[PDB]
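Number of protein chains: 6
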Amino acid sequence: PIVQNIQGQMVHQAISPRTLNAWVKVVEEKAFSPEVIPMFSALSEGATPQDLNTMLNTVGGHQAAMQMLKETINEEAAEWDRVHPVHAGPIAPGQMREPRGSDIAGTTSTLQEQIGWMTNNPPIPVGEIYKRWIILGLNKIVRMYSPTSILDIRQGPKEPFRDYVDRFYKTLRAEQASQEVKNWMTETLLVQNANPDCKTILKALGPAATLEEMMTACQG
Amino acid sequence: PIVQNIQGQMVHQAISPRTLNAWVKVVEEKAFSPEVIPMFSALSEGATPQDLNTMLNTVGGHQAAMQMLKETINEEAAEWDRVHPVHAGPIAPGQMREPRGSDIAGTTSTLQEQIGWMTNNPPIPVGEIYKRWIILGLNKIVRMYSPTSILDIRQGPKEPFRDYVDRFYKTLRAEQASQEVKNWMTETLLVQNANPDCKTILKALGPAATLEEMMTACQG
Amino acid sequence: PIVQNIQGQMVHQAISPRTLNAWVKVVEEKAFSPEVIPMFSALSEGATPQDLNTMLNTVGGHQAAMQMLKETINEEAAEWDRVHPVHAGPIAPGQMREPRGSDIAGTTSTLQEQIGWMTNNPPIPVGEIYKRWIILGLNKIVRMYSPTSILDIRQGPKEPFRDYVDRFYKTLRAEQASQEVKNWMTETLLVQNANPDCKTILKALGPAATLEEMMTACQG
Amino acid sequence: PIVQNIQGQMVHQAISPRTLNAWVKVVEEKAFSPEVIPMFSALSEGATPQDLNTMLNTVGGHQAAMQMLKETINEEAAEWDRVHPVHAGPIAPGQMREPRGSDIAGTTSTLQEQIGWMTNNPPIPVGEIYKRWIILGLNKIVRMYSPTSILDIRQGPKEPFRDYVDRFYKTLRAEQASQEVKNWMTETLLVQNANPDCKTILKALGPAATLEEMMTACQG
Amino acid sequence: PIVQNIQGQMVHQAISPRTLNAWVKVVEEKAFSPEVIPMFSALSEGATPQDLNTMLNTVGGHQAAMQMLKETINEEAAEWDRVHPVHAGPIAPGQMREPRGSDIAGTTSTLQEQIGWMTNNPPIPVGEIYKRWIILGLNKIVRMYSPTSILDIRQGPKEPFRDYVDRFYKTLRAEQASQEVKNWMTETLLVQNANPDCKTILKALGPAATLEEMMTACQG
Amino acid sequence: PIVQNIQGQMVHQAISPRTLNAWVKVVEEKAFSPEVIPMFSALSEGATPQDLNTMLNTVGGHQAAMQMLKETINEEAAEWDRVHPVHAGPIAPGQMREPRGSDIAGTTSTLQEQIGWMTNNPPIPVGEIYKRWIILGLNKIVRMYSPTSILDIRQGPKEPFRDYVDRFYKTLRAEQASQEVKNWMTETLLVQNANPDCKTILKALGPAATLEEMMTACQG
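Chains as they are written, first to last, in the numbering used here: chain A, 3 to 222; chain B, 3 to 222; chain C, 3 to 222; chain D, 3 to 222; chain E, 3 to 222; chain F, 3 to 222.
Pulled out of the complex, with its shape left as it was, chain A reads as follows:
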């Protein structure tokens, strides 16, 4: 990943083994849960497409998820090539040729060319584009790992309200259908599926009730 110097300029730097070790360990230990996308975006800030291909190929196991991510990256690269055709002929001396989708992916280009793209004037953010594509692929992967659907949630007679709302919001963050649909769901489905006693305790507070009073009602 590129790093700025004392005078402000930046140059390529070898990827730290600690970053790769932490990424592989968090992938192994935390599997594919909603909290891998923020850590992935934090680990590889400013990473070249070669570094992202490293961080993806290094993930042993869960090869189906990695194949899904590869297919998503392939579709995004095809759409990018369709929306931005590259020109042919001689290239200007002060400009380097613009990358194609397969080259934005970093599959058929050298590291020096990535560094030249990233430190050009004006700079070309190939790393950020490929990171956005990988984040979309990881969103689709965490959507696939979702164990249950949002509608099938029903609290057991003994399962505490805390565990119920924990499971609910876990699969809700794993759903990621939309934002306003999520807002409507947390109003309706959250109170629609409570245990009868605590259910009517929550209905006593009306729809204006917030989550804090919703929990301290059934609390104790």
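You may find that some hints are simply not true.
The list cannot tell twin chains apart, which means a pair is met if one copy fits it or any two copies do.
[Unchecked claim] Cut-off 16 angstroms, straight-line C-alpha distance, at most; resulting in silico cross-link-like pairs (EDC-like, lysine to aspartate or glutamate):
id: 1; residue 1: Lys160; residue 2: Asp199
id: 2; residue 1: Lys184; residue 2: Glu73
id: 3; residue 1: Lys133; residue 2: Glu77
id: 4; residue 1: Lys72; residue 2: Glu215
id: 5; residue 1: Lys205; residue 2: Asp83
id: 6; residue 1: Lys27; residue 2: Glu100
id: 7; residue 1: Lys133; residue 2: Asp105
id: 8; residue 1: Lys201; residue 2: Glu189
id: 9; residue 1: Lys72; residue 2: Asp168
id: 10; residue 1: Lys184; residue 2: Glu100
id: 11; residue 1: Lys142; residue 2: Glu214
FYI, nobody ran anything at the bench for these hints, they're computed from the structure.
Put chains B, C, D, E and F on the given structure of chain A with help from the hints.
This is chains B, C, D, E and F only, laid out in the frame that chain A set:
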């Protein structure tokens, strides 16, 4: 987070992966203890709102508590907007605009805008305001996670005074109240709920005795 | 490796103890899984043949695999020396001589000659060729460690489609067939070797079958 | 702490997470040994009272010891405020006001006043006084924590002289008496409490008894 | 060890404690094995003789091996003195004196003299010579620590070919002999000492069969 | 400990918690052994007397050894004060007053005075003097912790020669009576205490025998 860089010019330095790993580990190992608030305040010194959002997203589990935190952040932003109205219009070329609640919460404010608001002279304390909001939310969460009320703390028949006062002060620190209420409670509730064998000893010492005198009295 | 100094001449640097410890640890911990080749290509970047020989010699155990890797390096060096004539006699100053196969292998050269061949104009990628040879050898090794073949994978009656495709893609990554033959295999045998229920499911799905829709269809 | 830049101003720097992690680790693993005070004085060097309050609040458990430490800090602040009058009214610019005891404790001020007091000419060190108070409190704590007294140490019939002198010097380090009383006891009760055989050996050794001579005499 | 410092001026940097801890750990777990010589050469790149003495003194236990190493260093020093005589007389102000046989081992040579001998132009390769001596000593020690001879390696009746060839090549690498002798030793000993069934299986392949074909013959 | 900068000058630096942790761990885990002195000399290179007093006070347990070290430091300081009396009266402006015997230890001087003494023109090596004193004290400590004398060594009928020579050289390095006496002991006492069979096998080689042949004789 931004940091003083040689010489005297603050530049943006992205959050280090080791800090995020330390935060994830302390939230995994210690759950939601009263001490986490200081650990959080010390792990994110001078952090941009984006860094605090990253540190709140990287949490694993406890989604209910994170939801209360987000809702209290929204409430604080609404109160800030009600107290500090923002006038519309073109901005000055050298001075930045006054941020709104959504600009403080890092939701609709780009990283460059926050860096501007922080490094500009005079500085806008967006980081400290968002930290105060998150600290209020964490206080709410740790006061909710209290298993039993402070009024229910009672010593066992053979439970030593050591563990009794330890658990009592732990629950009292987790409990929420003004300092004078705590000053009254440590004098009215501590000696009364003790075991009678050592309760007689504490009564023999006196009402206004300090903690160390009672502790060395019932020692052994 | 050879770290490139900021806005200056590229300076040689000894391999880091951290890098070597991470390498020996991943070897010892994961034996020879298909990801050791990407992780090796990641750790060893811009490294001299001396660095690569050190990284290979620090490996303890698996001496059969090490001897096979050395035999592969010897075969590659023999082929290189056969298809590339070696010049001799007086050599003009400021121009290094023709690198022999035993020299590009690093067994008959020195760090000075390696750095000279890596700093010449135009540069000669001695490191990138020796790394290619090591990757060919490691590919042979990981093919030898393959427990079962790819054509002999059959899904269990209770073993789910996720686990089945995980094993299938692991064996495919281990497989030695060319990429053109590799595609037909994952297009045909994946649906041809599954259990009858989801086999008929994917048959009703028909052509253009992709992994995402396959896994969403075989749910439950 | 306050790191002194090389040929520059003493720039303020937030406490690194490593310092707090080591502090919580030692206070968790080693409880309250006599040496923790030296390690606490080592980790916190040139630190603002805010840093010391952060280091104290991060301590988890042993809340009775923390309350005793806060009571000791309050007593020291009351004494300081009693024996030092506090000026008021308009204050000349460029000269900070009189530091109050509750202010020298850092409970009624911000970081700016502490940094100003630690940068004035002549310097007024708030850190070296608040650390002194914390050390007095930790000394009271470690004295309270000692399980056995110094006057009640007796060597076992089979327990050798080395273990006896180890326990004796540990309890002496935990002792609260003045240094001259400490010298008196370490001169007399050491040989006055040993086992009769080596007691007579050390009596034959006579005056000017020195520890290495004692341990070389009681050998075997 | 000295290191290239920005810009282009080598200055002395003391050995880091982490390197010493890594060396103590590798001489605690790996103990003495063939892999230690490569690890030692990588941990001490460009080390002054004082650093190598420090790394050889920190080894706890195995005093016989360290004495062998010291005696072989003395023998190499005597041979260097007998081959490179040192003339006595006043030294030139610009250039340094020729190091004697004991100036290499860092016994009577101060650190400044070694730094001079290394940074001078032309440099005196004292570090590499002392490293060659220590490597000869370590080769002696690892050839001594061999439990059995290479002629005694024989496969068990049901011991798989994998463990047999692994142990055989490990003992052969630990053994000391010229590579030319090993070329006959392998083709004479590997197939002969195998199990009778696998013996005939390998003999069916041919005498000059490679290691990979011989392996895949009896695979499973 | 002081550290050099880019311009070449040195200034005080806070002691790293990693150094203290490593020292405490090596002191406790390895207790007292001849290989604690090199580790101590390597850990605290360039450390101020305050840092050495820290590293000594931080050692919990083995308080008798620490008191021996304190007594040795006291005697060395008294001898230094006797051999170098300090002058009275006003001190020159360009010179700082020379440290007394007790101030070399850093017991009655602030850190700034130590830094001024260490970076004066010409520099005064108080740190190196106090390190020499501490190394002498640690030598006396490891002398006391020697379990057995050098003469009592007699190999058992079954105890292998390797264990015998290991124990011999261990207690010989722990003896440190002299260096030439050590050379005479390794000739006489090593050959005088062997088991009769291997004893006469060693006598078959005469006194000219070296250690390598000495052990490979009794080997196998």
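Which numbered hints fail = Of the numbered hints, 5, 6, 10 do not hold.
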